[PDB]
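*Asks:* Now for the letters of each chain:
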Amino acid sequence: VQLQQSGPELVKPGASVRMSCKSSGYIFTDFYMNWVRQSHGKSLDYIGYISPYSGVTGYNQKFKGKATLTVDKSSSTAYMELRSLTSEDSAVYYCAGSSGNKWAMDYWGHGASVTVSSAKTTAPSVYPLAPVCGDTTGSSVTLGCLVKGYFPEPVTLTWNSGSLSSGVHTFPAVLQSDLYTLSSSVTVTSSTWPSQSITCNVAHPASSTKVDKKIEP
Amino acid sequence: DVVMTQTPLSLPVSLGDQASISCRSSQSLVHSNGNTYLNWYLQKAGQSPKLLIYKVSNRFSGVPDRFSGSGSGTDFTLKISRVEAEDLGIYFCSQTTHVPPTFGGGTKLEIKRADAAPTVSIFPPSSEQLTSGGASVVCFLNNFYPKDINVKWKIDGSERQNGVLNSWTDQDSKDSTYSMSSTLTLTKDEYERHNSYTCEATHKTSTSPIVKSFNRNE
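Residue numbers (this note's numbering), protein chains in the order written: chain A, 1 to 217; chain B, 1 to 218.
Worth double-checking, as some hints may not be accurate.
Claimed, not checked - Negatives, chain B to chain A, calculated, CB over 10 Å:
#1 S26
#2 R66
#3 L109
#4 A117
#5 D148
#6 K154
#7 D156
#8 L186
#9 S208
#10 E218
Stated by the list, open to error - Derived DSSO-like pairs: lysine-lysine, alpha-carbon spacing no greater than 27 Å straight-line:
#11 A:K120 - A:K66
#12 B:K79 - A:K102
#13 A:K102 - B:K55
#14 B:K55 - A:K42
#15 A:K42 - B:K79
#16 A:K42 - B:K147
#17 A:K214 - B:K188
#18 A:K22 - B:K44
#19 B:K108 - A:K42
#20 B:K108 - B:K204
#21 A:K22 - A:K62
#22 B:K44 - A:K102
#23 A:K120 - A:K12
#24 B:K50 - A:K22
#25 B:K174 - A:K42
#26 A:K62 - B:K50
#27 A:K42 - B:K44
#28 B:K79 - B:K44
#29 B:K204 - A:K42
#30 A:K12 - A:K66
#31 B:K152 - B:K204
#32 B:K152 - A:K42
#33 A:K102 - B:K50
#34 A:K62 - B:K55
#35 A:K42 - B:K50
#36 B:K108 - A:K102
#37 A:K120 - B:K188
As the list claims (entries may be wrong) - Here are the simulated distance ranges between beta carbons:
#38 A:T86 - B:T77: 35 to 41 Å
#39 A:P194 - B:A117: 23 to 29 Å
#40 B:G16 - A:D212: 43 to 49 Å
Hint data in this document are derived by calculation from the structure and do not stem from the laboratory.
Every residue, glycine too, gets a C-beta built ideally from N, C-alpha and C.
Same shape as in the complex, but just chain A:
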């Protein structure tokens, strides 16, 4: 039993997204395809079920209207259409199959992420972060770098073309309204900066962007 799901989409606000899920190799059984939304990290919300053989759907009363479940019996292809997408609906959506008796989701698809955003490809602004701020802790200097207002993801950041790889902490991006923002920090010994060069490297392939910010003193 294998389930293939259509991968990521970027939907506009007040729009709809149709999502597919093909079941394979558990031919002849009466089993159901299930859709489960995972809001962010830990809340799983059961959306509904549909039998590809008979057509028996059943929704969670919270999603009826937001979500329309359909199947092409003839292909074993379930569908979920979500309409009037709001920023709030930006989650991962799983497809999984159950098989009689027990009633557990025993086989799961890989997930479908939907980012609901009104942005077109937006290039980031890369800002050096020099710790002038609150003077060195003695032995260590921590430097940062801030990547602001980019759509879609990802950007990639490395320090000194990845020659600097220890004491780097890169923070997950967050959809700052309808754009993303992420940062990273590197901790070097106090003799190193600025006697040695530390440079923030960024490339946002979705917009041809590559930038190098030497964090000048």
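Fit chain B to the given chain A structure using the hints.
*Replies:* Just chain B, lined up with the frame of chain A:
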């Protein structure tokens, strides 16, 4: 809707330890056809959920002997006998007796260690950004343990809210410590007419809030 409440919310273990996760429904799960339909899942790091036990104690295929489930009615437990490293991730409990299916919030298994104190660092907006017309003051609270930390932003004595973007690292696979970032974003105009900026961390290791400050020129 049956609320599935699950405790702990986070369970720190050393590899090799016993672990138990409790889960209670708000109604009995004993169905009319005679069955209590309570299942358990593990979603390891960024993977899909994986069924471990169904109908409270039935181990699914390929799930080892270490993992067990038990209970009745309203009260259930998932037990691990030796937390091997492979087991670390979020476990949820789902009920399928009553409509709709619901799930608990999950119990994050994590590696326990000695409390660390945040290495706070605050960063003034960059020339570049102030030239853009905007100003982010960033504050990295690198490498603390436990993850319950509390960041506040203060500008000139009143506390600050509009403009804080907050994010976080998961347990680093090296030193078991978390790191989180705070960024306050205001106008060049409002930055220029204010002067002390305070990233004021509260962590459970110090009674004393960790305060990194700077003054735009003071």
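*Asks:* Does the structure keep B:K108 and A:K102 at a Cα separation of 27 Å or less?
*Replies:* Holds: B:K108 and A:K102 sit about 26 Å apart, inside 27 Å.
*Asks:* Was B:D156 rightly flagged as not at the interface, with every chain A Cβ beyond 10 Å?
*Replies:* Consistent with the label, B:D156 stays out of reach of chain A, its closest Cβ about 17 Å off (over 10 Å).
*Asks:* Run the distance test for A:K62 versus B:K55: straight-line Cα separation, threshold 27 Å.
*Replies:* Holds: A:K62 and B:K55 sit about 25 Å apart, inside 27 Å.
*Asks:* Has the given pair, A:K42 with B:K44, been kept, meaning a C-alpha gap of at most 27 Å?
*Replies:* holds, 12 Å
*Asks:* Is the nearest CB of chain A more than 10 Å from the CB of B:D148?
*Replies:* holds, 16 Å
*Asks:* CA of A:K42 to CA of B:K79, is that 27 Å or under?
*Replies:* holds, 20 Å
*Asks:* B:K152 and A:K42 were given as a pair; does the straight-line alpha-carbon distance stay at or below 27 Å?
*Replies:* Judged against 27 Å, a Cα distance of about 25 Å means the pair holds.
*Asks:* Below or equal to 27 Å on CA atoms is what counts here, so check A:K102 against B:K55.
*Replies:* holds, 6 Å
*Asks:* Sort out whether A:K66 lies within 27 Å of A:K12, counting only the CA atoms.
*Replies:* holds, 15 Å
*Asks:* Given the hinted pair A:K120 and A:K66, is their alpha-carbon gap at most 27 Å?
*Replies:* With a Cα-Cα distance of about 25 Å, the restraint between A:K120 and A:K66 holds, given a limit of 27 Å.
*Asks:* Can you confirm whether the C-alpha distance between B:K174 and A:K42 stays at or below 27 Å?
*Replies:* Status holds; Cα separation ~24 Å.
*Asks:* Is B:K50 within 27 Å of A:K22, Cα to Cα?
*Replies:* Holds, because 19 Å separates the two Cα atoms, which is no more than 27 Å.
The structure fails none of the hints (numbered hints given earlier).
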